[PDB]
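Below sits a lone chain in structure tokens, taken as the form deposited without its partner chain.
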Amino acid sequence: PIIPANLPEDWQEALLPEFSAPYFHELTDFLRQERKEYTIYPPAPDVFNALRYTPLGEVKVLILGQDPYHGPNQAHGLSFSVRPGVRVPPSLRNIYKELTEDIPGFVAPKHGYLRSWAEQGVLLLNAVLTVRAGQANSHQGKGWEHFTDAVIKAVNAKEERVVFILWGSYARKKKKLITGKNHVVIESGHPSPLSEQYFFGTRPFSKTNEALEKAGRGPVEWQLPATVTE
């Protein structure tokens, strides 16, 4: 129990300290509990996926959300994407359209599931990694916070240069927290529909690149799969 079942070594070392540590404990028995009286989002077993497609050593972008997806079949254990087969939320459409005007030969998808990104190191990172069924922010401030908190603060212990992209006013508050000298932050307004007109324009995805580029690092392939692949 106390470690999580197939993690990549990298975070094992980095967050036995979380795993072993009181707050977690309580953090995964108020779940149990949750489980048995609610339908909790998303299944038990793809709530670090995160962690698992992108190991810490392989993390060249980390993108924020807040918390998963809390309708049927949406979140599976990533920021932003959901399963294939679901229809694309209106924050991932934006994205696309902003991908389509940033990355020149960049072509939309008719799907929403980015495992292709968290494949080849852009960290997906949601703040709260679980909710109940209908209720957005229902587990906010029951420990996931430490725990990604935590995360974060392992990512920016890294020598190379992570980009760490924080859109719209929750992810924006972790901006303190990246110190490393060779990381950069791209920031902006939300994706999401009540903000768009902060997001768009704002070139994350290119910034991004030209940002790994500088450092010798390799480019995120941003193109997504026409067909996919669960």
Second form
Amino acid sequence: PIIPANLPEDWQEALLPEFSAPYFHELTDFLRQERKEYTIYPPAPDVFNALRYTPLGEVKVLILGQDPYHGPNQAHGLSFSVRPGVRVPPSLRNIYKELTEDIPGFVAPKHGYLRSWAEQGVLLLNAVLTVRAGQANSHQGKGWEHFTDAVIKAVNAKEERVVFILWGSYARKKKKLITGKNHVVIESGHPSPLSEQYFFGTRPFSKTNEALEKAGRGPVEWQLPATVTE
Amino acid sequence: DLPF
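Hand over the structure of the form solved in complex with its partner chain; the form deposited without its partner chain is what we had up.
What follows is the whole complex; the chain from before opens it.
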């Protein structure tokens, strides 16, 4: 069992079958070698940040991304989010625009750092958890999808309502995993400029809060702090 | 040692 450092216990327990799998041993050897030959994002200590900031027991919302940002300083282990001081990437700018129209009083901050969402139960999961600098999809099919489907399954296995937000054709394929009787799927086009017309006006943030309120699960406070510290 |  190859267990990463500083993971919540409930994740260690739920994901032990993955951490013990032969394919995961192989993935570990591949990434060791990858980090010698290339710059790999995010840095090793950040790869599991989504699970650390949002323990399994605290999951209320799951927002699935594809893989990490692959430019310098961008990815830090959360879907969609970037480190403080980094330019807000296009998809996140569109997310901010939809937030501004969906959530009364929401003001988009200067930064793209979404840690405060993760700290209130929003699991910001990428399907693939590492990438070579500058090459998108470069770690596709190496085991991360198996691993993150196991995360999705463990979340779906909870009895208390979780809202799964599935943006775009790739994330929407996960809908078949969401069989839990209390869960809710919110689905639309991706916020990327390529498909933003199928994202704008879908109000996924108020809809998620309505579902949470109804279940007595506590609506998310979507407003981000105006300035941040790592 | 670990790459994650």
